[PDB]
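The lines below spell out each chain.
Protein chains: 4
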Amino acid sequence: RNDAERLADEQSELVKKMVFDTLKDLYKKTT
Amino acid sequence: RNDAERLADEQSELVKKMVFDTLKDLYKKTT
Amino acid sequence: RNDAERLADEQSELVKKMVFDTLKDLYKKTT
Amino acid sequence: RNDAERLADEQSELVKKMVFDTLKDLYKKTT
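From first to last, the protein sequence lines stand for chains H, G, R and F. Just so we're on the same page, the working numbering is the position in the first sequence counted from 1, plus 4. Just so we're on the same page, the working numbering is the position in the second sequence counted from 1, plus 4. Just so we're on the same page, the working numbering is the position in the third sequence counted from 1, plus 4. Just so we're on the same page, the working numbering is the position in the fourth sequence counted from 1, plus 4.
Okay, chain H solo, but in the shape it has when bound:
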């Protein structure tokens, strides 16, 4: 069993999604 593995995936997915929104609109300001 590895809760940290699955658990870590969650938190990581939360950050990746957050960056998307930011970088998304941020990258739009240029183009």
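Just so you know, not all the hints are guaranteed correct.
Given that identical chains are not distinguished, each listed pair holds provided it fits within a single copy or across any two copies.
Said to hold, decoys possible - With a straight-line cut-off of 25 Å between C-alpha atoms, the simulated DMTMM-like cross-links for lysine to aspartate or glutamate are:
1) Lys28 with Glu17
2) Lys32 with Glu9
3) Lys21 with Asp7
4) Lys21 with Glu9
5) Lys32 with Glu17
6) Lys20 with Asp7
7) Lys28 with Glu14
8) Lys20 with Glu9
9) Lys32 with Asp13
10) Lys32 with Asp7
11) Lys33 with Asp13
12) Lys28 with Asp13
13) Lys33 with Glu14
I should point out that these hints are in silico values taken from the structure, not numbers from a laboratory.
Following the hints, complete the assembly by docking chains G, R and F onto the known chain H.
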């Protein structure tokens, strides 16, 4: 919508894999 | 002259700082 | 404060250099 989107996507996945490993070690110390 | 170079640094610095706060408190939840 | 901090720092710089290059190309298309 534009390159700005496809970009933010490449960054997220990049940041995810990065933070993904971090959390792993974070819990490793105490699981 | 390269405004994109210096300009890019700014935006990038804004994201890095943002991630710090997030990852900071996020990494604290573990330890 | 703890490893959680030193970590978030390593991630930021990592995400920065990543987003730093992106912006470069973003403006490259139109500067």
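Evaluation of the provided hints:
1. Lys28 with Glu17: both (16 Å within a copy, 13 Å between copies)
2. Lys32 with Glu9: between (34 Å within a copy, 8 Å between copies)
3. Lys21 with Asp7: Classified as both: same-chain Cα gap 21 Å, cross-chain 17 Å, threshold 25 Å.
4. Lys21 with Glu9: For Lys21 and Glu9, the Cα distance is within 25 Å both inside one copy (18 Å) and across copies (12 Å).
5. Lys32 with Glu17: both (22 Å within a copy, 17 Å between copies)
6. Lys20 with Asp7: both (20 Å within a copy, 17 Å between copies)
7. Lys28 with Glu14: Answer is both: 21 Å inside a copy and 11 Å across each meet the 25 Å cutoff.
8. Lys20 with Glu9: Answer is both: 16 Å inside a copy and 13 Å across each meet the 25 Å cutoff.
9. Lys32 with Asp13: between (28 Å within a copy, 13 Å between copies)
10. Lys32 with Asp7: between (37 Å within a copy, 8 Å between copies)
11. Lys33 with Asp13: between (30 Å within a copy, 14 Å between copies)
12. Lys28 with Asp13: Both: 22 Å inside a chain and 8 Å across chains, each within 25 Å.
13. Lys33 with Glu14: between (29 Å within a copy, 13 Å between copies)
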